[PDB]
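Next up: a single chain in structure tokens, the form deposited in one PDB entry.
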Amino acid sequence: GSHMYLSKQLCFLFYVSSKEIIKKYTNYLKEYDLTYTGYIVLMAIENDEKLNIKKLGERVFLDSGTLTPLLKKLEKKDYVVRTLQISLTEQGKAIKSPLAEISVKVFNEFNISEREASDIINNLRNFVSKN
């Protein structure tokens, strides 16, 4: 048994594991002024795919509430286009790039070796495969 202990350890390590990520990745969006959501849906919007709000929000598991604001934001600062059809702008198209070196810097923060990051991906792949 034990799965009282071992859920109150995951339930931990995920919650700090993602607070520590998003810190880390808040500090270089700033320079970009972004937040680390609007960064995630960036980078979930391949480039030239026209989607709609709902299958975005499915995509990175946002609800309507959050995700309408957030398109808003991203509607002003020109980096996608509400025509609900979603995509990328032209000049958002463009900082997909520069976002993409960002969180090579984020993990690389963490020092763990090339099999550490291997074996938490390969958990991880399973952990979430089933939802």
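Positions refer to the first chain, counted from 1. Each form is matched to the other, and the largest set of C-alpha atoms that superpose within 1.5 Å is called the rigid core. What changes on going to the form deposited in another entry:
- The residue that stands out in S113, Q9, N123, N108 is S113, the single one whose Cα moves by 2 angstroms or more between these two forms on a rigid core fit.
- Relative to the superposed core, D48 shifts its CA atom by 2 Å or more between these two forms.
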The other form holds:
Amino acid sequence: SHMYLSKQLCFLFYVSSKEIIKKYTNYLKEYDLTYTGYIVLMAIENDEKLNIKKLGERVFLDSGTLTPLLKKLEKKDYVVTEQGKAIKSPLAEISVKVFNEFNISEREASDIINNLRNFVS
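Let me have the form deposited in another entry next, following on from the form deposited in one PDB entry.
Left out here are the partners and the other molecules; the chain alone remains.
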């Protein structure tokens, strides 16, 4: 067990999320965004006006990688924005397309949300 469980999880966590970012990455083209860039936005928009601290931590990024991405998202003029807040809807929508692409009912999603929420708890 212990050997082959912790090994499955390893391959599974890698691959499953490896393919999740893949689908995200296609949709995010329409906006010239990196999946990581996307994540930052979704976070930014729920808090708004947060130090690179409450943010850099909430997105698990060292001040080193976050600064350049913040700058980038700024030239993009999504953060520096009113246009940014405009696409909150179509961006959010991307999370729905991505998981539908995996045939996930709201039943499967809930079950996963709970397993993952505990895992990370």
